[PDB]
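Undergrad: These are the residues of each chain, in order.
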Amino acid sequence: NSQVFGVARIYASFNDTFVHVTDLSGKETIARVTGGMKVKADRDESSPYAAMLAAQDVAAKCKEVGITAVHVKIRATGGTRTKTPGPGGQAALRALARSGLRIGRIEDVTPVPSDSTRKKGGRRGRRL
Amino acid sequence: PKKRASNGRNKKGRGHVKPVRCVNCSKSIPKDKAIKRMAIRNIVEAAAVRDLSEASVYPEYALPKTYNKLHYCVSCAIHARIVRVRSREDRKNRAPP
Amino acid sequence: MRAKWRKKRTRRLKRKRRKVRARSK
Amino acid sequence: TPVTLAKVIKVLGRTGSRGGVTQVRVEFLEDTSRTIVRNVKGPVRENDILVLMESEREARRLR
Amino acid sequence: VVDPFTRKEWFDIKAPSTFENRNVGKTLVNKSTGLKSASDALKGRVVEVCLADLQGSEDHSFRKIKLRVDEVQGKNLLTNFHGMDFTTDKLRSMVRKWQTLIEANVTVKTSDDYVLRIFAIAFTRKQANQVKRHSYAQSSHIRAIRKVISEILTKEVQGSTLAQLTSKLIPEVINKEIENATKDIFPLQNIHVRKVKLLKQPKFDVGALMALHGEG
RNA sequence: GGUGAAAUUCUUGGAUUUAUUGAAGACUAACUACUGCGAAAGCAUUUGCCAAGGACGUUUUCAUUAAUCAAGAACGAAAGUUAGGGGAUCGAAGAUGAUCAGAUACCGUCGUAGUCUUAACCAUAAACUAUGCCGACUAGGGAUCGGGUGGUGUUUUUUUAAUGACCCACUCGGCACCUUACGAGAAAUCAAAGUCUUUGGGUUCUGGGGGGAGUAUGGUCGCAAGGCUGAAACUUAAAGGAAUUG
RNA sequence: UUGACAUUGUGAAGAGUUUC
Numbered sequence: 010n011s012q013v014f015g016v017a018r019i020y021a022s023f024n025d026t027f028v029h030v031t032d033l034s035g036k037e038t039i040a041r042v043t044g045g046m047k048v049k050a051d052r053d054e055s056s057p058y059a060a061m062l063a064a065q066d067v068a069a070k071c072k073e074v075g076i077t078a079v080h081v082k083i084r085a086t087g088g089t090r091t092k093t094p095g096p097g098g099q100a101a102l103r104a105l106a107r108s109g110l111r112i113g114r115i116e117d118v119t120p121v122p123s124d125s126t127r128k129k130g131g132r133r134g135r136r137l
Numbered sequence: 002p003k004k005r006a007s008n009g010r011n012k013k014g015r016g017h018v019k020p021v022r023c024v025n026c027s028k029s030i031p032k033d034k035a036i037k038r039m040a041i042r043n044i045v046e047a048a049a050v051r052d053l054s055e056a057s058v059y060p061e062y063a064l065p066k067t068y069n070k071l072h073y074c075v076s077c078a079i080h081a082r083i084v085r086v087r088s089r090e091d092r093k094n095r096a097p098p
Numbered sequence: 001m002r003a004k005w006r007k008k009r010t011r012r013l014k015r016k017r018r019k020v021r022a023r024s025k
Numbered sequence: 005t006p007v008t009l010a011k012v013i014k015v016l017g018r019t020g021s022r023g024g025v026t027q028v029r030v031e032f033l034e035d036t037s038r039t040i041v042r043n044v045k046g047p048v049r050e051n052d053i054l055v056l057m058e059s060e061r062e063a064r065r066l067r
Numbered sequence: 020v021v022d023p024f025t026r027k028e029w030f031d032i033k034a035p036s037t038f039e040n041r042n043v044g045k046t047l048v049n050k051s052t053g054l055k056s057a058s059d060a061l062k063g064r065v066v067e068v069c070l071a072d073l074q075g076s077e078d079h080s081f082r083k084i085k086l087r088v089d090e091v092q093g094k095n096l097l098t099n100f101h102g103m104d105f106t107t108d109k110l111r112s113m114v115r116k117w118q119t120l121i122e123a124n125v126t127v128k129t130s131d132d133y134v135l136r137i138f139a140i141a142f143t144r145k146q147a148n149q150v151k152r153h154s155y156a157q158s159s160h161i162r163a164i165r166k167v168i169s170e171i172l173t174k175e176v177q178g179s180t181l182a183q184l185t186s187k188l189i190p191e192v193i194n195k196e197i198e199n200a201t202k203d204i205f206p207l208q209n210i211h212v213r214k215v216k217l218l219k220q221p222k223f224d225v226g227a228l229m230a231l232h233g234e235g
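For the protein sequence lines, the chains are p, 1, Y, 3 and c, in the order given. In this text, residue positions in the first sequence follow the entry's author numbering: the first is 10, and each later residue adds one. In this text, residue positions in the second sequence follow the entry's author numbering: the first is 2, and each later residue adds one. In this text, residue positions in the third sequence follow the entry's author numbering: the first is 1, and each later residue adds one. In this text, residue positions in the fourth sequence follow the entry's author numbering: the first is 5, and each later residue adds one. In this text, residue positions in the fifth sequence follow the entry's author numbering: the first is 20, and each later residue adds one.
Here are the simulated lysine to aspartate or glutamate pairs, EDC-like style, with alpha carbons at most 16 Å apart:
#	chain 1	residue 1	chain 2	residue 2
1	c	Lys-50	c	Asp-31
2	1	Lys-66	c	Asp-108
3	1	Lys-66	p	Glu-116
Residues from chain p that keep clear of chain 1, each with C-beta distances beyond 10 Å, as calculated:
#	residue
4	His-29
5	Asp-51
6	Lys-72
7	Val-74
Calculated directly from the structure, the hints in this document are not laboratory data. Here a beta-carbon is modelled for each residue, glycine too, at the ideal position from N, C-alpha and C.
Kindly generate the complete structure, drawing on both the sequences and the hints.
TA: Below, the structure is given as structure tokens:
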């Protein structure tokens with residue numbers, strides 16, 4: 010169990026996908042990338058394949074710096090928002106497990122309130 | 002004319018409840034109203050489970066799961082085909098599928 | 001048209017008629 | 005290049021709006037532990053192999 | 020054109036004595052230069068870790084601990100008890116409809132001067148022939164329950180330090196004691212001590228710091 | 001960033017995101033249900049004080065004290081207001097970006113009032129169960145809250161217990177739900193919307209085709225907003241509601 | 001008002017022999 014553990018923070022929205030990495034300390038972050046970085050379309054920003062490559066290059070830098078194992082922590086945006094993760098979450102996550110960094114200790118720390126402040130839509134909402 | 006003894010859903014004794022925000026359309030609507038659906042799923046979906054089981058320290062460790070209590074808006078649901086229209090008696094019934 | 005809207009149109013028209021007759025003294 | 009092959013275990017069915025696409029399950033033919041779903045273009049029956057560029061996607065319903 | 024990753028040094032995170040797997044892991048810190056300190060940038064740090072990893076026990080999978088950097092020493096750094104937390108899928112599994120969810124709290128000081136807010140939780144339960152489907156309780160029920168829970172919380176945090184508190188937390192003494200106490204009123208399944216937070220801490224006290232550390 | 005998709009917007013000032021800590025003010029999730037309370041409006045973390053209130057129980061007390069009630073009175077969402085305090089969030093306004101024939105809107109970005117409370121006001125809403133109150137009676141079932149009766153019941157372990165919960169059975173009072181329509185109905189549908197051409201239990205109030213019209217005036221309350229009451233000519237043979245077929 | 005020079009001494013520590 011000598012492999013050093015970092016932590017991979019997966020924020021999976023539908024506007025993009027964040028694969029952030031730190032050590033077990035949130036301070037001194039290691040790796041950080043998106044599909045908003047890995048393609049220029051502005052529509053598929055959060056999409057799986059882009060977040061797939063996001064995780065690919067994350068693991069690349071994890072090796073280049075010498076990080077070998079990870080505890081993973083996923084979240085949607087949260088607060089009072091959709092509260093559902095984006096597909097980039099699974100895509101980058103599976104691709105992490107595939108790229109072969111050791112994986113573990115899964116959880117959803119997506120922030121959840123005690124009935125907190127109001128929302129966008131004004132009682133009647135983003136009607137389409 | 003009247004279409005539901007509910008008049009939509011069951012307040013039927015108090016006069017008031019509190020509202021919520023629909024997860025998609027955001028619409029403030031009362032809580033005894035406010036279509037509800039639990040949703041239990043995994044994070045490790047049926048093939049990534051296998052990938053993780055190989056890539057995993059802590060053998061067998063666990064399958065945590067995502068638990069979400071979706072408060073739906075009416076027409077939002079209707080277009081989501083959470084439900085569809087039903088005939089008179091299919092409306093009368095209150096049983097799940 | 002909407003009844004709330006007809007009613008408000010009348011609300012304004014009445015406020016206006018009042019303004020007129022008050023200027024009239 | 006990182007090509008792979010996979011033989012069809014099951015033609016899942018024709019999804020996609022126009023009836024052109026069809027969902028399939030395929031064993032990756034190098035690891036029978038690997039059975040993955042994908043989508044195809046053309047006419048297909050069982051026992052045939054697809055040449056897969058990405059072994060990772062496993063797409064879903066199509067329209 | 021700089022690449023600080025070939026500049027940063029590495030350090031070994033070590034746990035207090037009450038833990039078994041005390042070799043917490045490794046971390047990266049920039050080299051302590053002139054007029055700026057790696058050790059201070061490390062002192063200002065904390066790290067969350069699972070109790071199953073702290074203890075080796077897979078029964079300890081859901082409890083997780085913040086551990087605060089107190090002392091840095093020659094490629095190593097000693098961590099302090101910063102607080103415990105409780106994973107979320109477990110919570111949302113536990114919390115189900117057709118029952119009454121209950122929570123209790125209290126703030127109190129330890130024997131030593133550690134101000135701590137503590138939070139425990141429980142849920143109502145049916146009983147073995149109870150054909151009705153919810154099994155809710157009453158106002159007096161919940162009130163006396165929260166009362167006694169707060170009572171016991173204050174008692175045992177009084178008769179303790181961070182050390183004694185954690186040494187009881189790991190074996191889950193507290194849940195069993197509250198069960199013993201609150202059984203009189205109601206079934207009340209699913210006792211846990213959900214959360215704990217350090218509000219105030221005494222002066223640094225390197226002596227007892229090393230005392231609890233200063234081994235392994 | 002944000003979306004159907006875009007853009008505005010923010011980013012060597014290193015944002016977004018990582019993390020430690022603190023503040024602000026906020027709302028009280030999962031418990032949250034065909035369940036509770038309350039005159040209705042409405043009412044939820046925690047705890048203490050204040051007084052109040054129902055139901056039940058009660059071999060307590062007084063003896064007709066009461067039911068409905070024009071006039072008169074206390075309450076009354078949200079919006080709104082005066083003066084302070086407070087103003088995280090959202091957000092009519094407002095400015096912008098999109099789209100489109102235009103968009104003065106939906107949608108994106110920002111954001112003022114207020115949103116919070118305070119001392120005073122305003123007295124309106126689908127304030128809806130669109131079903132007046134008081135009292136009589138008629139037809140089954142099972143859930144169920146609270147109170148209540150019983151159990152050589154269950155469980156709780158101790159040495160039975162006591163108790164606590166739980167189950168069975170029964171009873172008051174509530175929410176209500178289901179079958180049948182006996183009855184009612186225009187038809188929907190209703191154990192009350194039944195007891196009604198076999199036309200009467202008590203009582204308050206309301207309505208007479210539609211438009212004009214809650215308009216106009218006047219009165220009157222209100223700081224205002226406005227409210228209460230409240231027309232008329234004139235025009236009109238259709239409007240209207242239930243169900244079916246298309 | 002900004003900066004300098006002196007009043008203006010006593011020790012340290014450390015970034016780019018440095019003098020900040």
